[PDB]
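Peer 1: So you can see what is in the structure, the chains are spelled out below.
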Amino acid sequence: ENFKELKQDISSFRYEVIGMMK
Amino acid sequence: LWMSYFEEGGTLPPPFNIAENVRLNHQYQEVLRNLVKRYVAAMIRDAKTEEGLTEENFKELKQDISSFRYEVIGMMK
Amino acid sequence: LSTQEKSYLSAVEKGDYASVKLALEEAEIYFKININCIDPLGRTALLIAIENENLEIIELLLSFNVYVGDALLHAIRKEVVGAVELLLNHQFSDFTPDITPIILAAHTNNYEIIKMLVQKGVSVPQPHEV
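Protein chains in written order, with full-length UniProt numbering: chain A, 733 to 754; chain B, 642 to 659, 696 to 754; chain C, 29 to 118, 135 to 174.
Because the hints were derived from the structure by calculation, they are not lab data. Heads up, a few of these hints could be off.
One side only, chain A facing chain C, incomplete, derived with CB under 8 angstroms [claimed, not checked]: (1) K736; (2) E737; (3) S743; (4) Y747; (5) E748; (6) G751.
Virtual Cβ for every residue (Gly too), placed ideally from N, Cα, C.
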């Protein structure tokens, strides 16, 4: 229950940065 | 022991010893559906989360960061 | 369980924001998809959003008037704090019909959540004594 949140936070950060730069 | 004293088998101390079956499956079927739903939800979905961590998790969590780093660094040049 | 619904659920689960936003936009105009679909495991969008603790996603979903159900109880059961604040200010159950939010909060020691519920004002029945 901790690992899932910690992984999805990184994934969401990645989507935000990648989308915002294009 | 208890179940032996339910039917009208002997009912007497020793010394004095001289629609219906086609339909009712419906309710029980419904009950099975509901019970299986409850079980599969609350026993193999919410008890598969409190297990523990090993290296098989750490490796993925590290490589995800590494891949993100490669993507960002490469895309900016 | 159409491919658009599957894609939208995957977008919610992974945590993409623009995708879910535009999906909720384009869902209403055509009625081709449902925001209240149910996963094979019985997990709508609000449940998985609560589980992953995406407060921005949760608020976005709330603003578009999604059905709540026992989302409050689900958030209480998983000690999520801010989600409770959001969910207050606004038939396959999972818990027995005899559980009220204060009871389930008390079952799991949480000073913050209990103190948040008490100020709103609730009571717990006192059972008849034998």
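Peer 1: Indicate, hint by hint, whether the structure satisfies it.
Peer 2: Hints, one by one, checked against the model:
1. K736: Cβ of A/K736 sits 7 angstroms from chain C, so the hint holds.
2. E737: Holds, because the Cβ-Cβ distance from A/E737 to chain C comes to roughly 6 angstroms (cut-off 8 angstroms).
3. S743: 5 angstroms, holds
4. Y747: 5 angstroms, holds
5. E748: 7 angstroms, holds
6. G751: Constraint on A/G751 satisfied, holds at 6 angstroms.
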